[PDB]
Amino acid sequence: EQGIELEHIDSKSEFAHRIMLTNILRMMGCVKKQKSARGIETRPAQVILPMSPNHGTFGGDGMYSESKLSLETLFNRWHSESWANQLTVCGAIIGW
Amino acid sequence: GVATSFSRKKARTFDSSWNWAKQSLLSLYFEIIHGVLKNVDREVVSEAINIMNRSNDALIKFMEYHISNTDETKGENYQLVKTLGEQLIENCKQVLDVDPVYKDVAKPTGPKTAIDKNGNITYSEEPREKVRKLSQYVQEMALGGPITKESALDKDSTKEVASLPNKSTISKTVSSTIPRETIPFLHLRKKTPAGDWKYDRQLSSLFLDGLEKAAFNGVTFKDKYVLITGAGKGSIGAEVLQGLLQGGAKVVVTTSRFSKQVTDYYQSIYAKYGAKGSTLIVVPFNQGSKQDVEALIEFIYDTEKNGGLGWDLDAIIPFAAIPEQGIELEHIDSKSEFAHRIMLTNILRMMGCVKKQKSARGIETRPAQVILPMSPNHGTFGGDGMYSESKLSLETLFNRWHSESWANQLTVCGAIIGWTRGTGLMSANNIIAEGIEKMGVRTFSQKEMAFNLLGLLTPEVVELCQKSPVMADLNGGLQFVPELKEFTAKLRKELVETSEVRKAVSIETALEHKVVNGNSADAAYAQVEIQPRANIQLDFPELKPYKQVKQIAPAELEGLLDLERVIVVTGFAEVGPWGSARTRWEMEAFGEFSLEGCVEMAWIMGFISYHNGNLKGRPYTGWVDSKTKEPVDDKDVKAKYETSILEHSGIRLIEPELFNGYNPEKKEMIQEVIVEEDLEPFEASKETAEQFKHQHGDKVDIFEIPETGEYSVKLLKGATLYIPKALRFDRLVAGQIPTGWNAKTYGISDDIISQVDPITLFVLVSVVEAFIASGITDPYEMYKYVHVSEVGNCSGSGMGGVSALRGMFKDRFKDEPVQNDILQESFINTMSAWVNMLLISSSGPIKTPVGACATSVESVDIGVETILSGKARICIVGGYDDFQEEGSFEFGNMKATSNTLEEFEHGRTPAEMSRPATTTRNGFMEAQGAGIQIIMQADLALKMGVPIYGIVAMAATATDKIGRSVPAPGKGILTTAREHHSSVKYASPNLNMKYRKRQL
Amino acid sequence: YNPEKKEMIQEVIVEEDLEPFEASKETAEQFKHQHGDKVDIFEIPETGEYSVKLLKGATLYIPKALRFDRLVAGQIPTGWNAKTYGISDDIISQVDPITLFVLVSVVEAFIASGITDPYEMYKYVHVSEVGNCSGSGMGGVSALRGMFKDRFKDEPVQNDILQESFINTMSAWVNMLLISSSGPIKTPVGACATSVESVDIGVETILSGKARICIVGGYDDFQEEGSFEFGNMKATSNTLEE
Amino acid sequence: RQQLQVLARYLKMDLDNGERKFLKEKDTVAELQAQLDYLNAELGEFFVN
Amino acid sequence: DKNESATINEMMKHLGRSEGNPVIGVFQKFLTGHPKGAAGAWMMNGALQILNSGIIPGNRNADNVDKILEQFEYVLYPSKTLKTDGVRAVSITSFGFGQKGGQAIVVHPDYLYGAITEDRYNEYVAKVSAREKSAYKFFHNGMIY
Amino acid sequence: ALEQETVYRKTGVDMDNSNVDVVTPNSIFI
Amino acid sequence: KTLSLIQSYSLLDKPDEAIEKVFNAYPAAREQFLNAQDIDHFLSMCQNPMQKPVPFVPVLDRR
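Chains as they are written, first to last, in UniProt numbering: chain A, 776 to 871; chain V, 389 to 539, 604 to 1452; chain C, 1114 to 1355; chain H, 340 to 388; chain R, 1550 to 1694; chain S, 102 to 113, 133 to 150; chain W, 962 to 1024.
In isolation and in its complexed conformation, chain A is listed as follows:
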């Protein structure tokens, strides 16, 4: 999403946010339900999330920065919920 400033956030950005955040959560949600169904408690899947170091610092990115920053909630929720035996988070802050 290029030259989409806050005036211009519409359908493409709302769809992009679903690709890059909500449906990432739904895919780790799904692997938790399949691993639990079969009582697999000792073979966790390491999720590698592409993070950014640059949240908002360029603009024109649509909802990219909101997408990227909201995955940093998974480093806290791994302690606070019931899916740590099914899933591990390894956030990679990818650079230039």
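Everything labelled a hint here was simulated from the structure, so no lab data went into it. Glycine residues also receive a C-beta, built at the ideal position from the N, C-alpha and C atoms. There may be inaccurate statements among the hints.
Just some of the chain H residues that point at chain C, by a computed CB distance under 10 Å [claimed, not checked]:
| # | residue |
| --- | --- |
| 1 | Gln344 |
| 2 | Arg348 |
| 3 | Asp355 |
| 4 | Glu358 |
| 5 | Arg359 |
| 6 | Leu362 |
Cross-link-like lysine-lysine pairs, in silico, DSS-like; alpha carbons within 27 Å at most [to be verified]:
| # | chain 1 | residue 1 | chain 2 | residue 2 |
| --- | --- | --- | --- | --- |
| 7 | V | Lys1266 | C | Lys1145 |
| 8 | R | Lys1616 | V | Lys724 |
| 9 | V | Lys728 | R | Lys1616 |
| 10 | R | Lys1686 | V | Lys1087 |
| 11 | C | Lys1166 | V | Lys1119 |
| 12 | V | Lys1151 | C | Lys1262 |
| 13 | V | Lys1413 | R | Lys1551 |
| 14 | V | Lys1166 | C | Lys1169 |
| 15 | V | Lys1169 | C | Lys1151 |
| 16 | V | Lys787 | A | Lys810 |
| 17 | C | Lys1169 | H | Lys360 |
| 18 | V | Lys1236 | V | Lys1395 |
| 19 | C | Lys1166 | H | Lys351 |
| 20 | V | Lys1166 | C | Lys1118 |
| 21 | V | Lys676 | V | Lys619 |
| 22 | C | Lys1166 | V | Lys1151 |
| 23 | V | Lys1119 | C | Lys1262 |
| 24 | H | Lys363 | C | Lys1138 |
| 25 | R | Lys1682 | V | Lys1236 |
| 26 | V | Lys1437 | V | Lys449 |
| 27 | V | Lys1090 | W | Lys962 |
| 28 | R | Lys1686 | W | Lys982 |
| 29 | V | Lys724 | R | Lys1632 |
Place chains V, C, H, R, S and W on chain A using the hints.
Same frame as chain A, now just chains V, C, H, R, S and W:
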């Protein structure tokens, strides 16, 4: 979820604080005179602030007259009101031409959890030690506490009212009081080159000083335009709203659940709190809808000419939200994806929209401060769905404000809101608040959290926001309680553990006492209760002792009046939408029925019927459901019938069973067609066939059917027919007599009910009920005191027997069966004829007026002049009209009545459709029934010992000028105040009663 | 009105479906709303008009004609026209015919009183001291036919027809066109005694010092509906017996 | 046409039953298109595709 | 509702009603609607109920009083019920179709007893007290049967 | 009386934060 | 919905005291004729068959 709520036409504006100040004053005046509010109470102050905040010249002239005409002798409470009231006038005069102020003056409360002996958990908000004022609250906040390390009110409020205008200057600010190595509880943050947000001493000082001044002097929001969402009844959103309105803000408030209940909550807040210059617009709104957001912001910025507001926002506060509970990452579905749209993407779209509207108009120097509710707790509890993702992604707006092209239109002020206690016990996690506070953390009332966020709208932190984004930490040290999830969980354990052990010991001690005392000392323990029955009273006027009656009037009055020529109302009654004058008064005055109200309405509407006989075998005496014949006790009537009573009373959708099957959604009209092609023969008697022939001539063929004697009727080509059709009519609502009302229940017979127009049944019941209000149970008792020629009927109607007119103009035309004497029943004077023919049997005057909507006053006028001419000693007086299909339609063609479909567009309900004196009034609400009064010479009233409800001093009628508009009202009744003023230097002695009495 | 030939209407059920007739879109939807299953409406795709098949079981109204036995009445002399007195076509179109009889009676009465310009009263008396205490038994009885019959037959009827039916409007027109008083207005209804009741009210209004002058009297029209109803009550002479 | 009409009546045979059923369906289409045109207005053509 | 507020304001201005003492408006029709010929009788019943109770009922549907009505200093448009110490008199104004205005004034019934003797009053009080008792008897009997 | 005895024997979304206040950290379930 | 001044009909054994008690708490009752529903209830108790007949004629009717 994503469905549209927002319509411009549903928007309600509240702007008439110039009227609510006078009502707020007069409310507090009588509260204090009846001892409901005392000097000690904190209400008289919070109320005073609101009366000062609406100070204008009108309101001082009002307060002066009301406080400079109280007799301080008549009681202690009259001295109290006059002391307070003189103070309140002194203040109000200073503050006149001063901008109004948000000032919280509430007693600061802390949490208390109690567990009793038997293991019941009670929560109570408990006056804090060393924090009795709002000033003291800002000092507590500045000093932090041990965990934040880093190496004349309620005695004499008449005195505190005096000290509200007196602006308090402080030599040293509290910023200096902030100890080093200590982070305060409220503080601003600053972004370090690393990217993190740290406590900043300097920024934080500035904020806390503005917050100190707000606590003393108060804050103005004059000329501030605010959008606020997620501000419903019992939220922080709604305590912010009160403060905005308190300081004269103009505010748009959005509801997701628009209704009379909600639109009344908000009317009630504006009328208590909206200071001079404040307005409140309430619009229905779905923050989940993209189309509602675009539409809202376009309505706020559009010109009043294009149907908008013509505003330009200075603050957006988007606190709308839906809860998601026990939604872990496995369970994120549709609700969470929708919640994320409400709480993040459509927040961005709403700031996007205000940027496009501000830029359109080249507004580069009036930015709107967005106040985002942030959390400090991102992911640290779980079960929150996508709440944490929503909250954390708004922290991108503190960076994008530098990196994009919208900083001149928008400023971000992120408020990290901390532990805010709700109502009681269940609300929030109130039971563990006390326990969290023991850690050195501070929790907040909703009114303190409101205070903190109104801090962020002060001119000092508006100034920072416009330099750089402001991040406000209103979290009172919860940063520093480590592993808060498992802590909070340990605290709930310890309360439950204790409660359960205590409740288990309490159960066993009851069992192991029940066993020792069987059901002897555990069964004779229990008392006998008295459920009240309805003792319906006639409400005759209270007669005081003579010595108390001679105070009221001047002594010269004895022997001065000719009592033969003073007219006096001696009884009254009515039949209308709320039953009787008794039940209408309860609804009008209290808005709710009493036990006696409910039983009268249940008897009227025919829900209950007394029984004194055999009832399923046994003998019974009491009330009985009229449908099932099951016994009912008065105590059960509210619960059984109050809901049914209120659906089928008052103004409501037209009920077709009441109006002869009239369905305004479906009006039978008829169109005149020419028959192109001959019809199939139908049979008809000889006489009916000759009637078709006489009408149609060549265009019909009639022939005998030689066996039967009947006739064929061929309607031929060129013949006229009438074919029915159906208009949909737009006047759907009316004030109808309560469904059930029947002349039978009063004692009128089926012979009279069949003979007579329904308006005449309303009248007969009104004349009886009126004679009972006059203690005249047998009308013939009048003729012990007065000749048969001295009782009059001067009552009338605007239109009269309007069902009888339908009979002679429509029902005959359709060869329906109609009584031969239908015409007699239509005359406006027949109702009176029936009253004479069935009750009174006078040979006294009968002067029936027609005065359209003023027939009842014309009736009084005629009634008085008939008595003061010595034609009659007693007179029945009043008015009656029915509601039928034809008049409803004609009042619609004249555009006099409210169009009910327009009213539904505006989101009005039937109740709120008659709204006199209101901005949005758009025509009247047709109703039906009768009102009767009995008036006499005062002389004759005192001789009969009838109750005397009032004196009719004056009764006049006037026309207006030359016009060409029969429904246009005029000024012609001004002539009741006609007097000469050329020669008004010295007082006329004809007005002095002493003089007048000397001459007598 | 021809008393030898009174249009009534009888409600028949259609045994056999009718021939289609055209109607505008809005009129066709009105037939549908009334009849439901018993009518078929279809667009005629060229014009935009609609066919209306009235089906088996549908209700129709067919006209018929009573011969009525009250053939005679005391009618204003044929020719009488409010124009000859000086009343305008704008006022004549707006107003019920009983109100034309009244306006001419109030002028003619002021001339019998040598008051050619009613406003001369206000040299001697306040604007609040002229009254109208006149009335009718039944009032604007052609306006009632308008709202109870002519609307039903979707004939054209003035929107303000209801104002014209009220017994107090005649007086309103007299004030609005001649007198311009702000004095009392006590309109009586007394069936056949409204004129004496009017006098009584008029006197008591003067002896109370509410009014110094008062217009007083009575008016009624003759129309088809009241003729018929006075016949069902057997009050009028049967002209055929006569 | 008139002869056809009496044969149709005799056979208890509605000639419009077809066009009725059809007009009633064209309404349910109008209705479902209105639901779908709304979701496009809310979510946008990009998201729906 | 503009014409009526204006004609009460001009009545009160001409008879030197004190600045700051406005008549308190009551709009019964919020609750009953407009019954044409009966409108005044209901307003009158209400006015007697106000006189005797000293309770002034509020127009619960006055969301927002029209800005045009602030020019009328001598009227006050309450939205909630006011329980006062007493009401001495009540005006009742009706405005018909076809140019019918009306006013009635009703004075508290206690201004009449000033005009009679302690004996005549005490005789009256006893007759009334008797009647009220009979009337209650009659009412409750007719209601149930 | 027999008739009477016979007959006796027969018978015997909310986006406004009014409910939960989700603006506040502790209303959710802390 | 209060609780009764007469808890046990034992208290009626000094009866003038128990009448004073009831008509002090409800003084209206001294100055009001029997409600028509309370006449019926009174005559319904006079017919109660599980009770010694009342030693007085309480009405002239068919009974």
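Hints versus structure:
Satisfaction of the interface hint for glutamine 344 of chain H is found here, the shortest Cβ-Cβ separation to chain C being roughly 9 Å, below the 10 Å cut-off. Given the 10 Å rule on beta carbons, the hint for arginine 348 of chain H holds: about 8 Å separates it from the nearest Cβ of chain C. Because the closest C-beta pair between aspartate 355 of chain H and chain C is about 6 Å apart, less than 10 Å, the hint holds. Because the smallest distance between the Cβ of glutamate 358 of chain H and any Cβ of chain C comes to about 7 Å, under 10 Å, the interface hint for this residue holds.
Taking 10 Å as the C-beta contact cut-off toward chain C, the hint placing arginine 359 of chain H at the interface holds, the least distance being around 7 Å. The criterion of a C-beta within 10 Å of any C-beta in chain C is met by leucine 362 of chain H, whose closest approach is roughly 8 Å, and the hint holds. Proposed proximity of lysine 1266 of chain V and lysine 1145 of chain C is supported: the alpha carbons are some 22 Å apart, at most 27 Å. With a C-alpha separation of about 18 Å, the suggested pair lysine 1616 of chain R and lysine 724 of chain V falls inside the 27 Å cut-off, and the hint holds.
Taken as a hint, the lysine 728 of chain V and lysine 1616 of chain R pair is honoured in the structure, with Cα atoms around 13 Å apart against an allowance of 27 Å. About 23 Å separates the Cα atoms of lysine 1686 of chain R and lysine 1087 of chain V, which keeps this hinted pair within 27 Å; it holds. The straight-line distance between the Cα atoms of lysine 1166 of chain C and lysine 1119 of chain V is roughly 21 Å, inside the 27 Å bound, and the hint therefore holds. At most 27 Å may separate the alpha-carbon atoms for a hinted pair to count; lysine 1151 of chain V and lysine 1262 of chain C meet this at roughly 25 Å.
A C-alpha spacing of about 18 Å is found between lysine 1413 of chain V and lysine 1551 of chain R, which places the hinted pair at or below 27 Å, so the restraint holds. The straight-line distance between the Cα atoms of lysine 1166 of chain V and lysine 1169 of chain C is roughly 17 Å, inside the 27 Å bound, and the hint therefore holds. Of the supplied pair hints, the one linking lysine 1169 of chain V and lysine 1151 of chain C holds, its CA atoms being roughly 22 Å apart against a limit of 27 Å. Note on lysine 787 of chain V and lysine 810 of chain A: the hinted pairing holds, with a Cα-Cα distance of about 24 Å set against a maximum of 27 Å.
A threshold of 27 Å between alpha carbons decides the hint, and for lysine 1169 of chain C with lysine 360 of chain H the separation of about 20 Å falls inside it, so the pair holds. Proximity of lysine 1236 of chain V to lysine 1395 of chain V is assessed by CA-CA distance (about 11 Å); at most 27 Å being required, the pair is judged to hold. Only pairs whose Cα atoms come within 27 Å are accepted, and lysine 1166 of chain C paired with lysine 351 of chain H is accepted, the gap being roughly 16 Å. Distance restraint check for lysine 1166 of chain V and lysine 1118 of chain C: the Cα-Cα separation of roughly 20 Å lies within the 27 Å cut-off, and the hinted pair is therefore satisfied.
The straight-line distance between the Cα atoms of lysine 676 of chain V and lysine 619 of chain V is roughly 22 Å, inside the 27 Å bound, and the hint therefore holds. The suggested pairing of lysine 1166 of chain C with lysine 1151 of chain V holds, with an alpha-carbon distance near 22 Å, which does not exceed 27 Å. The suggested pairing of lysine 1119 of chain V with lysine 1262 of chain C holds, with an alpha-carbon distance near 13 Å, which does not exceed 27 Å. With a C-alpha separation of about 17 Å, the suggested pair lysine 363 of chain H and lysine 1138 of chain C falls inside the 27 Å cut-off, and the hint holds.
The straight-line distance between the Cα atoms of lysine 1682 of chain R and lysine 1236 of chain V is roughly 20 Å, inside the 27 Å bound, and the hint therefore holds. Between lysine 1437 of chain V and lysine 449 of chain V the CA atoms are separated by roughly 25 Å; this keeps the pair inside 27 Å, and the hint holds. Taking the CA atoms of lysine 1090 of chain V and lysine 962 of chain W, the gap is about 14 Å. The hint holds against a cut of 27 Å. At roughly 26 Å between alpha-carbon atoms, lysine 1686 of chain R and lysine 982 of chain W fall within 27 Å of each other, so this suggested pair holds.
Under the criterion of a C-alpha separation no larger than 27 Å, the hint pairing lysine 724 of chain V with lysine 1632 of chain R is consistent with the structure, at around 18 Å.
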